[PDB]
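K.L.:
Each chain, written out:
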Amino acid sequence: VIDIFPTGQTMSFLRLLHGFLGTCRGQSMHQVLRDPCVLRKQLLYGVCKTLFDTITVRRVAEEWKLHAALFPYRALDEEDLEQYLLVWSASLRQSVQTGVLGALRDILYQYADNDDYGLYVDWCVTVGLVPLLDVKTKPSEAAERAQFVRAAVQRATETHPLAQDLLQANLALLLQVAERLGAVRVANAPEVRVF
Amino acid sequence: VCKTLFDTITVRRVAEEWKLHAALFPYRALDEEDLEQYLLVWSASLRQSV
Amino acid sequence: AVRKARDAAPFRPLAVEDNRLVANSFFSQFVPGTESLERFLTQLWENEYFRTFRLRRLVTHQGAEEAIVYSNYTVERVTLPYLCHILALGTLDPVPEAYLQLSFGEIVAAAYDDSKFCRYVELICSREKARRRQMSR
Amino acid sequence: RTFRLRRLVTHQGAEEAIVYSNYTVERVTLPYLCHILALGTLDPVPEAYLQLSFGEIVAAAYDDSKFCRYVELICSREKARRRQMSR
Amino acid sequence: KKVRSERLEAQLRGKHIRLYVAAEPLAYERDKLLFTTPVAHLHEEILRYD
Numbered sequence: 055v056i057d058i059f060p061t062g063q064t065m066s067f068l069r070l071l072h073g074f075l076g077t078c079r080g081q082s083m084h085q086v087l088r089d090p091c092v093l094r095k096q097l098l099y100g101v102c103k104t105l106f107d108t109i110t111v112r113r114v115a116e117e118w119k120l121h122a123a124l125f126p127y128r129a130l131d132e133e134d135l136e137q138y139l140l141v142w143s144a145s146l147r148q149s150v151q152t153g154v155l156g157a158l159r160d161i162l163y164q165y166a167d168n169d170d171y172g173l174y175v176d177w178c179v180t181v182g183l184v185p186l187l188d189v190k191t192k193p194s195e196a197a198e199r200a201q202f203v204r205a206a207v208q209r210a211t212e213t214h215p216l217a218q219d220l221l222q223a224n225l226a227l228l229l230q231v232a233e234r235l236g237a238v239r240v241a242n243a244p245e246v247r248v249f
Numbered sequence: 101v102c103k104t105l106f107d108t109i110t111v112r113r114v115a116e117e118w119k120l121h122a123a124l125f126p127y128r129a130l131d132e133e134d135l136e137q138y139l140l141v142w143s144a145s146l147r148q149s150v
Numbered sequence: 499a500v501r502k503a504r505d506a507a508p509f510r511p512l513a514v515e516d517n518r519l520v521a522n523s524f525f526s527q528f529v530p531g532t533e534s535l536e537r538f539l540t541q542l543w544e545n546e547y548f549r550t551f552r553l554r555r556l557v558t559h560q561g562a563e564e565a566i567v568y569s570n571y572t573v574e575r576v577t578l579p580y581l582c583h584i585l586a587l588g589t590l591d592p593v594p595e596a597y598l599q600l601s602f603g604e605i606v607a608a609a610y611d612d613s614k615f616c617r618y619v620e621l622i623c624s625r626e627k628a629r630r631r632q633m634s635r
Numbered sequence: 549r550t551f552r553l554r555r556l557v558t559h560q561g562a563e564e565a566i567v568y569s570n571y572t573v574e575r576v577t578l579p580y581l582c583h584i585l586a587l588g589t590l591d592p593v594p595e596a597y598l599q600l601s602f603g604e605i606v607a608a609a610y611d612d613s614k615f616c617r618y619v620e621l622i623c624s625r626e627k628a629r630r631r632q633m634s635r
Numbered sequence: 250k251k252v253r254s255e256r257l258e259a260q261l262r263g264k265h266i267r268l269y270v271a272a273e274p275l276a277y278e279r280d281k282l283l284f285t286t287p288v289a290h291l292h293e294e295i296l297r298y299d
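Protein chains in written order, with PDB author numbering: chain A, 55 to 249; chain B, 101 to 150; chain C, 499 to 635; chain D, 549 to 635; chain E, 250 to 299.
Derived from the structure by calculation, the hints contain no laboratory data. Do not rely on the hints blindly, as some may be mistaken.
[Claimed, not checked] No farther apart than 25 Å at their CA atoms in a straight line, the calculated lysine to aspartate or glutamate pairs in the DMTMM-like style are these:
1. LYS190/A / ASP280/E
2. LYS250/E / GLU245/A
3. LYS103/B / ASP591/D
4. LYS190/A / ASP299/E
5. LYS614/D / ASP167/A
6. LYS192/A / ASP219/A
7. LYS251/E / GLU195/A
8. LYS264/E / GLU278/E
9. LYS103/B / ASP611/C
10. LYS627/D / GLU132/B
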């Protein structure tokens with residue numbers, strides 16, 4: 055029966071988080087972790103570690119032969135090829151860099167709400183009892199996710215013929231993250247209370 | 101825009117420029133020395149012009 | 499001018515009628531210390547904007563501060579959301595922090611090394627030197 | 549002391565921007581990932597890899613993935629197939 | 250700002266117009282808003298200066 059949130063204590067407990075009554079020079083110390091777009095830089099590493107781990111040798115070894123026989127003819131077995139391979143490493147890494155870059159900058163900033171995290175870090179340091187909201191997902195709510203994964207291919211095809219195959223291979227994780235991340239919210243409601 | 105601008109180009113367009121420029125004026129003198137030096141200057145002289 | 503000032507702010511006394519001539523007096527010379535917390539508010543702004551957007555400073559020996567540049571974090575935090583919902587989406591990549599300080603003319607050279615075209619001119623310089631390396635044997 | 553945020557101090561002790569640690573990104577950011585967001589797939593970024601660019605972070609995970617160790621295998625296998633042709 | 254099915258609309262010339270949230274306010278208890286912007290943090294203190 056004990057009220058927690060809309061009581062006389064917890065209201066001023068949250069007004070003091072911003073500059074309502076008291077402000078010293080270090081109230082911005084909370085602000086350096088109040089910021090969003092660090093969760094984006096965390097989930098970027100959390101997906102990209104999985105993104106380069108679903109590929110075997112056989113798929114990428116064939117790229118070697120296709121590229122090797124597309125234009126060059128080996129001149130020196132131990133010299134031309136070694137040097138060519140050496141440049142070939144960075145030229146595949148940079149092209150799959152920009153490939154996954156085009157594959158991720160589109161989908162993060164369309165789907166990740168910014169301040170659903172700052173309201174979180176304004177709650178967990180403050181109460182520890184963070185409420186959270188959901189949503190029933192209509193087909194219109196999942197439609198744009200189903201089309202924008204189809205729009206993710208065009209930003210990857212022109213820089214890489216494999217990064218299309220990699221997103222086609224790793225489409226399962228992208229549909230798994232695009233159904234839960236924007237489905238949950240944290241309520242900034244006027245009339246809310248924890249019990 | 102320039103990162104996307106320098107990534108939709110293949111070898112075949114720019115490699116023909118090599119042969120055209122190479123035979124436009126110079127005649128190869130040494131296969132292992134003259135060409136390498138020519139190649140070396142040939143990098144920055146296309147990079148500055150693009 | 500001194501005379502002018504003398505008569506420009508005339509000697510105006512102060513008085514209140516009282517039934518009795520009773521008066522016990524004091525004086526309060528005072529200023530407030532505006533300097534002591536201006537130098538707190540100036541180093542408040544600087545200790546706020548370096549926590550929101552974390553702007554990089556370039557300090558030299560004997561700790562002297564120079565001009566302050568954007569980070570790699572803030573350009574992602576305020577410019578990229580200007581790019582994703584105000585401008586064209588899904589093609590432009592964010593610039594590194596040091597490349598942001600770098601010249602407007604030199605950025606094409608810094609992206610030239612970061613593109614395939616350096617790795618094409620390394621390919622053409624090594625493949626056509628290799629066709630002319632084996633020409634000696 | 550709660551979240552142990554790392555400071556970047558230079559010569560003659562001048563403070564620079566203050567970054568997250570490796571400790572706090574698992575304590576406050578990660579339960580928001582594994583109990584509010586999608587579960588059981590994501591890894592915490594290192595602290596020095598958090599200061600780094602938004603673009604080169606995938607190249608820093610490129611070294612930590614298998615593709616450097618596949619491109620080294622391919623560059624040593626097809627060099628080795630063209631090493632024994634001389635002898 | 251709507252209170253019935255709460256929303257953020259923008260008005261111009263008696264017409265709706267697109268905006269977007271970047272530092273959206275802490276709508277709380279009754280008839281009041283709270284702002285997580287950096288300037289509202291020192292709004293009273295910079296009024297304290299004058």
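K.L.:
Each hint: holds or not?
P.N.:
Each hint, compared with the structure:
1. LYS190/A / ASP280/E: Violated, at about 28 Å.
2. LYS250/E / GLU245/A: Judged against 25 Å, a Cα distance of about 15 Å means the pair holds.
3. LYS103/B / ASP591/D: 29 Å, violated
4. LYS190/A / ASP299/E: Given pair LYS190/A, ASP299/E is violated - Cα atoms ~51 Å apart, limit 25 Å.
5. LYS614/D / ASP167/A: 32 Å, violated
6. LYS192/A / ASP219/A: Violated, at about 29 Å.
7. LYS251/E / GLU195/A: Answer holds: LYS251/E to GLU195/A is near 22 Å, not above 25 Å.
8. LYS264/E / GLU278/E: It is violated: about 29 Å lies between the C-alpha atoms, which goes past 25 Å.
9. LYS103/B / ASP611/C: 10 Å, holds
10. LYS627/D / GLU132/B: 22 Å, holds
In the structure shown, a violation is registered for the earlier hints numbered 1, 3, 4, 5, 6 and 8, in ascending order.
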